[PDB]
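Given next are the chains, with one letter for each unit.
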Amino acid sequence: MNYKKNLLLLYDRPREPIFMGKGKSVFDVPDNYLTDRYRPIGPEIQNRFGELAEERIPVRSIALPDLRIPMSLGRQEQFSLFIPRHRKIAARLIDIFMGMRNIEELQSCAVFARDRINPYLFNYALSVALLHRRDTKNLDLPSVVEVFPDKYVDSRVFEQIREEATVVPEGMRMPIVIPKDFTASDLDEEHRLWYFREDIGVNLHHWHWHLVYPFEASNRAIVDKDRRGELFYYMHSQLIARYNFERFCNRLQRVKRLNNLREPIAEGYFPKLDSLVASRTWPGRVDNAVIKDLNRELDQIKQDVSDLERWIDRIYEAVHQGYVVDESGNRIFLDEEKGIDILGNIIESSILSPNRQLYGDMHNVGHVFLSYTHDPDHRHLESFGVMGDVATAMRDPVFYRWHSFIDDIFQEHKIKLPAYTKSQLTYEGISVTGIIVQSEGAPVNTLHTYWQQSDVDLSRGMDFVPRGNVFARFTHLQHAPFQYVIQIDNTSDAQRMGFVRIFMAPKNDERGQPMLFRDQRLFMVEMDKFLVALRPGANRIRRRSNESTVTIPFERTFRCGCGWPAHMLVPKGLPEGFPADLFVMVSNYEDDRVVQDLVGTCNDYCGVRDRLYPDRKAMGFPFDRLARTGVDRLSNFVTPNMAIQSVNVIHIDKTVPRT
Amino acid sequence: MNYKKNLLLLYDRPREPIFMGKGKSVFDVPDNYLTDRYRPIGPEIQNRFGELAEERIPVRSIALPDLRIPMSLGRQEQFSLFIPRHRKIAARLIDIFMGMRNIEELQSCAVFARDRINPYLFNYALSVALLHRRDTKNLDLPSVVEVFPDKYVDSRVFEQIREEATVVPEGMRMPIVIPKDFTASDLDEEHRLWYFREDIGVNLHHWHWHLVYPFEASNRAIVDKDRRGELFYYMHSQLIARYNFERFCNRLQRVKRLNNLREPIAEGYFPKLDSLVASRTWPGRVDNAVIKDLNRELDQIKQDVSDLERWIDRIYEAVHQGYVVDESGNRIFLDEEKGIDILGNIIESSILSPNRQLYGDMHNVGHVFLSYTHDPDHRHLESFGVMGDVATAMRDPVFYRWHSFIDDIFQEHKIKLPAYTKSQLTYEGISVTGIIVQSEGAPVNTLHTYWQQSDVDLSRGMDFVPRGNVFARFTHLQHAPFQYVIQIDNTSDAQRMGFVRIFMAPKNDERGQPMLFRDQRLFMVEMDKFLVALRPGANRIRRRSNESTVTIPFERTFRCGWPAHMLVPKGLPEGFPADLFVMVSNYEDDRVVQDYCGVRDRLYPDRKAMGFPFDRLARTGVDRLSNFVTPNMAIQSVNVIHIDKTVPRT
Ligand SMILES: [Cu+2]
Ligand SMILES: [Cu+2]
Ligand SMILES: [Cu+2]
Ligand SMILES: [Cu+2]
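First to last, the sequence lines map onto chains G and D.
Reading the first sequence from the start, the letters are residues 1 to 559, 579 to 623, 627 to 681 in the deposited numbering.
Reading the second sequence from the start, the letters are residues 1 to 559, 581 to 616, 627 to 681 in the deposited numbering.
Hints may be right or wrong, so weigh each one.
Claimed, not checked - Taking CB as the label site, the calculated pair distances span:
hint : chain 1 : residue 1 : chain 2 : residue 2 : range
1    : D       : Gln300    : G       : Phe530    : 42 to 52 Å
2    : G       : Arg559    : D       : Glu51     : 51 to 61 Å
3    : D       : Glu595    : G       : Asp181    : 51 to 61 Å
4    : G       : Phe471    : D       : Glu51     : 26 to 36 Å
Unchecked claim - With a straight-line cut-off of 30 Å between C-alpha atoms, the simulated DSBU-like cross-links for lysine-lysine are:
hint : chain 1 : residue 1 : chain 2 : residue 2
5    : D       : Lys292    : G       : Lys180
6    : D       : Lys5      : D       : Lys338
7    : G       : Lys180    : D       : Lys302
None of these hints come from the bench; they were simulated from the model.
Quick reminder that beta carbons are idealized off the backbone N, C-alpha and C, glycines included.
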């Protein structure tokens, strides 16, 4: 109905009162729906903003549950799901919106609440409700860049956008260029990874992944998704694999983990963001900051570093022991199948953790510690730095160090699992004899990258700015389109089903030696995974880069287990060319199959919002475990149903248009 | 003429282009005066903003000197006079405006430049030109709070002012309350001094003092004001005396100096300001930050901490030696008269310094070091913290530590001067027999303080905001009006002229005994200094608090000296004990013929050293105030009572 489209108007101009009129519509709000500030002059307002509006949306006055808890958080405050207190507030609001039976009462509850609660919080609470109600399905939620550009853009632009919108008439407005490589100069070698850390795309993917797989609320409210623990492990694990790749393409070494929390953090990061909702800026972190015990009475944080250390010590113990203990006292075994999934819920701390109290909230609490080094006891009345918000966490270099450490803990479990036997990863009959890649106007087995400007309308997000269009020009990494061509022989006499699994890693190390398996297995980034039907004899399989099941289209972002930006699919490489091993495996789909019916949807990649995850094999399956005896490098790890290919990744420092 | 009033329109809405129309007027700018962005759509603009304007100001197209250097500083960048490079840019722009023939070209040069150079820089360069130009005298420059509220107000208000101005019609707009005590909670005991550090008044006084008495290379005529070195010493010295007073009224100890620069700085400060011109916020400083060697290639700063330490070591040496050495190699003696004045120019590094190269730029460079602890090599592309701008420097607690240190160095010279002899501070014939104070509805010898909201129109400063009024409500310390009553006997047979010098200090120490002189002399804050004619026999002198020569009225500081509402320390609810002191000196000796306090435009009207009775050590035998006194002086126990209530302005 219309109602579905009318809720989307709530996302429009989050800080402009709801009675000011969104898009080509305006709400006809009751007077008991007006805020205390504006209620005493309600007559003057409804009339004043009624003009220039095509439609007028009525709103029925209903009960509305107690909104004390939702309103506890200040309006000009920041909102993060990592902070214990905010979790209880959001989970309560989510509960209200979720608990409105009708799509009409949801509209009424929303319209009332919207101008009383924290915009960032409202956006989250609504987003979660809409995505996981039955009546509001297939609903295309506006990009959070468009509603909250302050979390994605250098603060400098805002006073330019205000100038441009006030001075120049619509239609003649110049696109505002968004600064790139702006957080640090060349004295900081970390500044080279701007195109990854600070890319709009990857930050959106991270935010959205945490939307669809929360770790707190209600198991029926989306917490208990199939293998979300393993997902949490793998997704984040692939972030670092991809990061480590991009590091090698900028003459840097692999990211060093956060060994121990008492030693200083070498790499500081000033993010250059200004929250228009908090009206403040995000604090920076200085070089050689040290983690400090937190006492944030307001936020309900009373945590010592030793608490974190204690959780880690215990988790390590469990992993080595090979089992965990639940609240009840029973033992649950970290087996080949569900081990990783369990560990994930334990480490992140999802209410699915079999004993939160013992093994703690290790990952999340780490994010808070790292974000509050500048003001840990709240004496300076400062908010958390960028690592304290999922929306912005990936911008900071320390993210990759903390997430690197966490990964090592997971690894400690994976190296206990028994090696995949020759048998287990052979497909009797099937043989892959070669794989190549071809780009238009470029040699075989060669990928190209470059810079590319794209445009985004930030108009809906610019509160109290003269209406009209406000286009911003993002510069971001892009790759030339390509396609894989895979030669597979059947030699069986029957149609064989198979999973095509495509990963890509560096060929050599940082020192220039052909990489060993033990090393290289952890640097393989998934590139595609799709089902294929093979006829007897010979089969030529062709697959486009844009068909990738790891990726989501351009259109979705601007307009894994969840959608990685398409333009970030290929590592940057070097101008002189960066050598890389392309790997493909065809596994026996009959074993890997997960009997299930789905057409799929994602964040709103096929989707996988349907109960189960469509692959019985472990995530990162060929390379998640150690090598079997005798294996030493990729070229002797291979079975017949696998193939390797030398690829060369060439960057070109030029800015192509979008066409 | 009109021209004088037309320049004042440049101060209106600094970031709104000059062709958008200021007040009830608009400028008719040439097309070669437009900016490159807006030039190609000139046809659409001049017409679009021509409407709703009563007057239209024409502007003649002139040659215009090269504006390369002025334009070198980015538009979205911060501007500080402490940074070496900015000094050279501003001094060059000042030079351009200053060099324009008529006030028809001053207006033309200005109108062109305004939208090409950094607003903060423009404001400074213009302010300086107008204040010291030939045709432009007695011109009332708009308060810098009204043009740049971002340097004086929590950033939180800005999005409220934008909301209020867009939603609510004029006339029905609610005044925006400005948050007070907002930079730190009660876990930080320093937060108590918000009413002084963060008070609009005192921050304006500091900014303005540096306007009228620069040290900047600039030109020697502008910088060389009578005894500006001693002024620099005394004014800043009184800031800390007053600060130390306010500390005692908040159950704190005296401010500790910055002993040595290698040790951490305990007190951090996040100022909560957001520069709308830079579109960023000012960085904070964390607890236990350490000073670090600066390498800001862009700003032209290559200074090591050891450089600073070397300057200090040398300055100390000179002070103890008793003389300095000029560039030429000659020796100049730090005598009783001009010693302090010299030292001032040496320490701040004013171009008047007899040897900048040797004794350095000690005070100023310190401000930069302290403001860049968070990003000293520019690797993080961050700007300076609050201590890097005179406009905001007093907000940070470290200001008082750094300025406390500097004062100790001056003191090291003052303790070398010979004690004032009984003779030197006696007035033969004159005897002061008593001084008292009286407030309406309050016992004798009792001062009261409290909080008071006042209103300021920040409308001129709110760029790209719907036109109308935008009143902001400041909460600030205030004192009940009072008056001194002084009983003076002549016993001479002739009319005697005299200077009345009134200071106030704390009465007792940490242990609850009468403070000793050595201690107390440094805590005396000047309260008034005025000329009086005494008839033979007995004289009853009466002086109102609002007549103070240390102070200037409310009206000036909201539209220059020390804010009037800050004249009296806060005191305690239970009452704070204080010694009120008055001295009558022989005006004939003190006279400086001639046809106040810190800022006097003319030569300084007092031959005596600034601080006079207490600048030097005690003569032998003297031990406390009550035996320092001569007949022509008087002491009085005063009690300062605070009341935590908010009175209106009426
Ligand atoms: Cu995450
Ligand atoms: Cu994380
Ligand atoms: Cu100063
Ligand atoms: Cu200073």
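Check: Where does the structure disagree with the numbered hints, that is, which hint numbers, in rising order?
Finding: Per hint list: 1, 2 and 6 violated.
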